[PDB]
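The chain below stands alone and is given in structure tokens; this is the form deposited in one PDB entry.
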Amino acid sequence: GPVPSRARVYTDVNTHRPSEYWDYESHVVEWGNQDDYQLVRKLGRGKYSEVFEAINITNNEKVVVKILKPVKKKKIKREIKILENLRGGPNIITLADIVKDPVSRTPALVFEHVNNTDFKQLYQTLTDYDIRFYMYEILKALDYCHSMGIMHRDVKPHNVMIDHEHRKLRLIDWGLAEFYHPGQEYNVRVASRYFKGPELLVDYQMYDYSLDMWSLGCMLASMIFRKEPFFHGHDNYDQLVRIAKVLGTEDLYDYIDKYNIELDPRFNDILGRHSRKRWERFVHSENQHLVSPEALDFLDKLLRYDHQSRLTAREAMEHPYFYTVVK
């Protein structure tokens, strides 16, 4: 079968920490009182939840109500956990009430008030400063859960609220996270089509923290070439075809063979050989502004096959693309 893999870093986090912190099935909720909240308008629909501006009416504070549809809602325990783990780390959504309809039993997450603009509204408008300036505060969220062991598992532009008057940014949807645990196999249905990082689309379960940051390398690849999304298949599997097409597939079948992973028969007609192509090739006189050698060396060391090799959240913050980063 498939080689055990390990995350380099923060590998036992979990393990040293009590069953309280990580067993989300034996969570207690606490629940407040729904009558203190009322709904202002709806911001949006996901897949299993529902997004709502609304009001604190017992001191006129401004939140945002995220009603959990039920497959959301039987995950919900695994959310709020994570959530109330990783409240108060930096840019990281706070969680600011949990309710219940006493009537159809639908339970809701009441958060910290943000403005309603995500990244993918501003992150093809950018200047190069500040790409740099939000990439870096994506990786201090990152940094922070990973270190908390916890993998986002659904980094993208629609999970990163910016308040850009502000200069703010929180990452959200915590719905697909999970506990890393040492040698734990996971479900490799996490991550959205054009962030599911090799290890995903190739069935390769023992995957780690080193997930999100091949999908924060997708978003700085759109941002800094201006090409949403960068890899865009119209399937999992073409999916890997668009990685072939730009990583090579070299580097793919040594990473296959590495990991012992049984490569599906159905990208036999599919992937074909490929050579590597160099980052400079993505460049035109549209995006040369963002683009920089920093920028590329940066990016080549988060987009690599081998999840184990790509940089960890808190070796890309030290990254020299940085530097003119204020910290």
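In this text, rigid core is short for the largest set of C-alphas that superpose within 1.5 Å between two forms. Residue numbers count along the first chain shown, from 1. Compared with the form deposited in another entry:
- In a core superposition between these two forms, the Cα of 124 is the only one among 205, 106, 127, 124 shifting by 2 Å or more.
- Residue 74 is among the residues whose C-alpha shifts by 2 Å or more between these two forms once the rigid core is aligned.
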The other form holds:
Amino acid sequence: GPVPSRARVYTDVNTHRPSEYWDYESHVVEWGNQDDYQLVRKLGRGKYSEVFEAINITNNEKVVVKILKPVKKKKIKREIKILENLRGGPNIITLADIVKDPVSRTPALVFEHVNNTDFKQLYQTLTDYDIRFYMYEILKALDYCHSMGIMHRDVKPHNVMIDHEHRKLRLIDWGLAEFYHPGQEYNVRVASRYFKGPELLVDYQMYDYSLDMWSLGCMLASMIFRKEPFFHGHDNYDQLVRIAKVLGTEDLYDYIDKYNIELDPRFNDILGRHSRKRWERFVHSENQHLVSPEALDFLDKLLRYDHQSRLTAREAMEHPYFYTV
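Just the form deposited in one PDB entry so far, so send over the form deposited in another entry.
Nothing else is written out below except the one chain.
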């Protein structure tokens, strides 16, 4: 069997807390009334919801209404309890209300509105300083939720709302988030393909908060190198091969051996042999103004196969890459 693993930080935060904090199945959800909200327009969609801009008619304030689609009721209770636990945390989206549609029996979550700036319009305008600034804001949200015993497990650009004009950043979409319990074996079918950590791809179930630090590394690589996504897998198996084409196959076997992971033998047919690439090889004329020795050193410390070797969110905040913020 595989070697057990635990987070290096905030390991026993849920162990020392009462049942009410982490037992989301037992949590009493009090559903408000939808009549306080008038829907304005569709803002987005996801594999799990339909998201609308709305107005709260009791204070003329804009809100966001996330109407939840057919899914396990256990999953909705989990998302509600985590949002309630993290409510008020730095750069965490604020859950304002929970309402139901009497007729169709459909639950909806009501959030604070974020005036999200478009990514395609943002990319070219983003400077080295702006990347450092926003990366730091995400770290504040991750250090906070990890300190609260929660793993986000779906860190990606689509789940980060930025109101560039107000330099306001919010980490959203807590639908895949989970309570960290040391030694727990989690479902590896989480995160979005390009952002999945090697632990998920090799089916190592005892992962932790460090999964979020890998995803953050993928976002940083994509921003500084202007290559979106950075690891462009066409499926979950190919995703590991794309990582192996950068980090090399030697360190992948060291990781598998350290945790006694039973690697699916089909991988030995597609992985091949790949040398470890230097991060400097991703520097080109279009991205050199965003790359620096500090940026490459910070990225190298997040994008590691070994989930225990990655920087924690607090260690990342102390990195020289952030001295200017």
